[PDB]
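First the structure, in the form of structure tokens, and then the observations on it.
Every protein chain but one is kept in place in this view of the complex.
Read from first to last, the chains carry the letters A and B; within each, the first residue is number 1.
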Amino acid sequence: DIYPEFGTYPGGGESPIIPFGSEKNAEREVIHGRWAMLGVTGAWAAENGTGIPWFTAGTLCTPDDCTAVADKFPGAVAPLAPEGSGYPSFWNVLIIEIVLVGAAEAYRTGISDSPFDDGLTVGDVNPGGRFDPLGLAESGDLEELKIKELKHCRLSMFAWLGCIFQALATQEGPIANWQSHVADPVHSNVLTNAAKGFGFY
Amino acid sequence: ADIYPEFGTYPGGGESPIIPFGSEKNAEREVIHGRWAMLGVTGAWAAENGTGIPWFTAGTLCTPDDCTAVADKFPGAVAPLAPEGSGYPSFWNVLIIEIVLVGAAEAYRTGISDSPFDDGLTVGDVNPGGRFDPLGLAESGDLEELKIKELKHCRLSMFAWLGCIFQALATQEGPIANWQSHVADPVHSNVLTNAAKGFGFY
Partner (left out) sequence: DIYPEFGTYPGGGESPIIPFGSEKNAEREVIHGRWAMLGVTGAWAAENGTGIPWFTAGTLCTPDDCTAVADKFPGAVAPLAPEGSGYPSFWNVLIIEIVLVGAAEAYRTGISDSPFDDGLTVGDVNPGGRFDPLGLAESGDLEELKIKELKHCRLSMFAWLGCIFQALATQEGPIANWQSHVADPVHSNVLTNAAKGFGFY
């Protein structure tokens, strides 16, 4: 069987708990899943390569002294911008991000006409043609690849929700919590931290 | 639509992408919730401009034991609210009058209690159009357009009240105080710098 975990994909079946009234939700959760996938991975990798929590990473790059993020990346012996130049600038990064992500979102969602000329209908979260340089979808199964991605989508969104509530409970960070739970499983869990009071009680 | 350009839409204008419109009672609830929110956000706006007390702390000034503090709080007042010598707006006094007046108005708004007026005023209609609009602004103005204006103000003010309650929970400083801090230096005074400070808990 395909998708036998719990419930069924939006493409086929009905939610056990929700009515699934609106068909905008399907692609919404695809996009949300993909973003979460990149977010969870980011939180996984940053705290490994740098040791900082993902939720306090924002404090390193601020409109004054954004140079803290420079050279934080593993390997990458050259910093983001040279030391002493002070060019890692929150506003410069923010403007570059605003223009790039805003243009990408406008192209995806039809706020602006697509720059390309080859199909790419607005609102489809599986474009394929331009977004498969390797040609893995035509070689593989399209439907089961889409199901795998969905499983990853929902798994990563649930992992992100876990990351934020772990951040709120323990105030430490995802990987450090994972390592504490691995080291002493009985003595590092949610009920253990509840016995400590979650840091406020 | 042409008239409603906001992200969402008005009930009857169409259907919302998220949580589409169900029962009409939901639309009545939205309008009334808006109306009370407009009143609430305006009160939280004007009171601490007049005297500086955040709305989430203004409750405790009046207490069953002592309620003198609420008297003479309104700026510009010619005299005390009740005798200067012995202010008599006691919390119980306030309650006993207000529960009766508000309960009456509510039951008479919804018609669970027989209407006093019986002027053709039909309960369960957000726009009574009777004595409530003596100016009859709706009669001169265009009623569809004006309904859209009312709902836009409803949603804006309900969102503003949500902002007021969450700002109270994060910064516990006060709405206009948060405004003045942000206008003072928005770059270094906003939600994310308060997050860096930790919202007062972390």
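As a working rule, a contact is a pair of C-beta atoms (placed from the backbone, for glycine too) under 8 Å apart; a residue touches a chain by one contact, two chains touch by 3 or more.
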Quick one: which of B:159, B:201 or B:202 touches the chain that's been left out? B:201
Residue, one of A:19, A:84 or A:115, that touches the chain absent here: A:19
For chain B, residues touching the missing partner are 22-23, 25, 59-60, 64-65, 172, 201
Even though one chain is hidden, which residues of chain A still touch it in the full complex? 16-17, 19, 186, 191, 194-195, 200-201
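Criterion: only the chains that are shown with their structure count from here on.
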When the C-alpha atoms of chain A and chain B are each averaged to a single point, how far apart are the two points in Å? 38
